[PDB]
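K.L.:
Next come the chains, spelled out residue by residue.
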Amino acid sequence: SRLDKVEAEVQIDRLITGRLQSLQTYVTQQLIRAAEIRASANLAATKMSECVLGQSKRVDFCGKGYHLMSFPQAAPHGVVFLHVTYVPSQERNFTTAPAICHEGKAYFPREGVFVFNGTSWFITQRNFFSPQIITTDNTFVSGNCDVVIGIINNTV
Amino acid sequence: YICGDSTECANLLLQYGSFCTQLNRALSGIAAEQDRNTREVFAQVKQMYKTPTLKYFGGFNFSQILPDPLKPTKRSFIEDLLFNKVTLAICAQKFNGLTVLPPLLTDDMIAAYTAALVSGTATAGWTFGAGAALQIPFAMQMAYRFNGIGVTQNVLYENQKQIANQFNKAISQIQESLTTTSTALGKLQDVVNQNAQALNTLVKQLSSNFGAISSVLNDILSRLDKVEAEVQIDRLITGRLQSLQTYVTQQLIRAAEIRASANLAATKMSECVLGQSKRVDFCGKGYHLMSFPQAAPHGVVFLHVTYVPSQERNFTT
Amino acid sequence: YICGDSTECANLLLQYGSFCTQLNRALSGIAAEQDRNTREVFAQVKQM
Amino acid sequence: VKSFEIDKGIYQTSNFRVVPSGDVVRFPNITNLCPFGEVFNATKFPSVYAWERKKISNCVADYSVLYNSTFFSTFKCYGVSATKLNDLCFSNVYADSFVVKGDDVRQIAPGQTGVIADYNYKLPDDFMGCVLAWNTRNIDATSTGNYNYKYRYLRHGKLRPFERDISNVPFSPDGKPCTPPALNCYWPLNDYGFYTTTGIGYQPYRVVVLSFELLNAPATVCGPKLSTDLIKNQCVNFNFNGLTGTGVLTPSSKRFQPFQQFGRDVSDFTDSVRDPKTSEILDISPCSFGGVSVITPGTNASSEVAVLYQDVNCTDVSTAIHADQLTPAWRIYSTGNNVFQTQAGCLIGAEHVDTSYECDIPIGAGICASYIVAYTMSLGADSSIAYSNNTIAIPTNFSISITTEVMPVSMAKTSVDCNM
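Chains as they are written, first to last, in the UniProt record's numbering: chain A, 964 to 1119; chain B, 723 to 811, 832 to 1059; chain C, 723 to 770; chain D, 290 to 660, 674 to 722.
Extracted from the complex, chain A is given alone in its bound form:
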């Protein structure tokens, strides 16, 4: 209404410069948010290719337990995973020996630790309690009885 000349062109230069810095700022910060969101999306594609398509043995990546399965679901703009974990908890107390000195020779069990020397009875798994009757398949010939800490006889 009240403008005349290059005066107003100076004023509109001020307006354009301010709005142009604001828009440039918007573009730059949305680009930074895009970088973070695509890093997260790469993690998400990695978890869908890993956790959902197979059992990913890496720990505290997919779930918080031991990651038995995974079920994806969509979202507004996102994705929501449902990690089917596996949490073991009823702790016990049983003694052990790292070896079996049957007849002067070492019997280490299976790579697959804890010889159950709970009164020298079995050899089990690591996580789930499962006693198995000890046989020659459950261990192997290993040297002599030099580094055996716990003597266990009657290897059947």
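FYI, nobody ran anything at the bench for these hints, they're computed from the structure.
Do not take every clue at face value.
As the list claims (entries may be wrong) - Covered by chain A, per the in silico footprint, the following chain B stretches (three or more residues, Cβ under 8 Å):
no.	region
1	868-878
2	955-969
3	986-998
4	1008-1016
Said to hold, decoys possible - Using 25 Å as the maximum straight-line C-alpha spacing, the simulated PhoX-like pairs for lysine-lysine come out as follows:
no.	chain 1	residue 1	chain 2	residue 2
5	A	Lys1020	B	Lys1010
6	B	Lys1027	C	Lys768
7	D	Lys343	D	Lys390
8	B	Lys1010	A	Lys1027
9	D	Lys514	B	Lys968
10	A	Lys1020	B	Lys968
11	B	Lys929	A	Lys1020
12	A	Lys1027	B	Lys772
13	D	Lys365	B	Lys968
14	B	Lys772	A	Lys1020
15	A	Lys968	B	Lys793
16	B	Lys1020	C	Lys768
17	B	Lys968	D	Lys373
18	B	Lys796	B	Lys772
19	B	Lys1010	B	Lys772
20	B	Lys1010	C	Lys768
21	B	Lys836	C	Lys768
22	B	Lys1027	B	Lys929
23	D	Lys373	D	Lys343
24	B	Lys903	A	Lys1068
25	B	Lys793	B	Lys911
26	B	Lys1020	A	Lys1027
27	A	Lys1027	B	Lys768
Quick reminder that beta carbons are idealized off the backbone N, C-alpha and C, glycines included.
Use these hints to put chains B, C and D onto chain A, whose structure you have.
P.N.:
Frame of chain A; chains B, C and D shown alone:
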């Protein structure tokens, strides 16, 4: 920073809209994200254990790895060496406007986290994390750790003293190679130096002019009358505003790189510490038998106990 | 780039602080970190 | 945050700063009247090639005799402003007097050489004070002729600023000591031709240049102001000899120099000054400032807030509240207690509690609030384990615990019509 105080320079600031709200929001979001980084890296054990106060198991000197009650500080000795190594190039009160707020998760709590992680690594069995513990006497632990490596259990027990001696001498060599050594602790000082460069450059941009008469306010205030006043003050506000906004953008980019490194760090403290991560040349550089955390100024310092075999022979197959 | 060379335009560039130094340091840091990119990709073998 | 329901958390908000209370001016005790009435109302005035530079010091100027008078034809200041001129005790001001024609007002400037300002009187390009000229057609200009004043127009080169040539050299463009009237060998001197009834451009003007040597000494030429006394450890305003500002004063720890006066500690930040009445005081110009932040439990279990100030020590805060000095000045506002450690500042409205919780709300350095209490922190469920021999725990019953996890993969696909 922008326009220290006059009366009217604040009004000329309000003529440029609401940038101050944006900058406070952006820096507060950056600060909250760094606190989130520290929570995500360190706060991964709910069940904080206690130091077993033997610190020697079989032949395994955990001396200087865990903190000592007999020492005055509650940090371990290697952490103290690392704190001494990293330089820094009542309350603070400076009329920059600038400040460095303190971190939330304070340094002795960080050290308690590291001691808890090392303790539950050394104690508490292989099943650490998802569960509580298993009461495993740490020879059985690394007897088991010889099975994510493809060797049998014969290796540990038949060679216990030699493994323990190599382990202890390696830790003592780590001490000697962290005391009087050099730039192989560089990245943390790179972080601190870049922060110093950015902030000191920002202060120097306050010291500079931007085509105005003087490079400071309250000088041209003494010789202002009218619109000439607003000319020089608008020039100063525009220059300081571009400099400060450039600072904000570069802080945000450095925060992006630092959270990429933080995600790698949280990943490795999950993978390498809490179990034996069989992926190769990710945790260590050998076969990743163990890994320990240690705190740091602004970072994390691991110790990867690898496994490098070298006495080759010749055998036909 | 800014102010190719005249006489006094260089002085007006001096009137805007040390922006020239900041940009040179930023591009130098870009160069060094991408050298680090190439080293950490390819130079991973001790024994060629 | 533009809402009514507001959930639980520290929410950053506006800035607090202490309003200064007092008003402190410290000048020298020098009292005199300036020779302005001497120099401006004088008889003898030199020409341009012999312009005279007079020192004025140990005075009290007024700077209203310069304004409350229509004696002045052209009065233009360059480095300073007009009305705010007596707010600065200058250092050893210099009056440069000469007499020009009714044309040469356009020349005398930083730059804009012309002839006589290029040949007879040169200015620098920054250090200027105020230039004044007035018409004196009714004193010396006889219509018969005032042939007593001269200038020089023949110089081998231009001038450096504030430099004066007097010697009548027999100017010849190739060295050549000549005998004028030889060819190309003249005198550089030339008259004016000041007449009474001629045009305005041929009328005599008297020109006074006021160069202001800004504050390279303990200042002597002040203005008509009144000094008060020092108010230490309390936020006040400043006006020293040439410096204003707003801050908190305190005695120093300096090895200061007899010629020095300012402190400019790291990068134009004054921080220490030398009082004009024999003292040396530091300057914490940061009185107190920062940003407040509200702690709220969430407007659905409570309605009581707690204000966290950030960079303070809870000693200026109590005084500034209970004497109404804070810029977020409230109306309904009280203080039951004042928690302060973990140097993130004043925690107004909280209770120290040894029984620490799971760190609901992140206050500063360790300390976390709740509910309103503000404990330090329980980092986790504390325990110890039996670390004896062969006895080993093994889980026998397990569970399955499906856990969620959220990953954002796509922000808002936006676009800008950047012509609208």
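K.L.:
Name the hints, by number, that the structure is in violation of.
P.N.:
2, 10, 11, 14, 15 and 21
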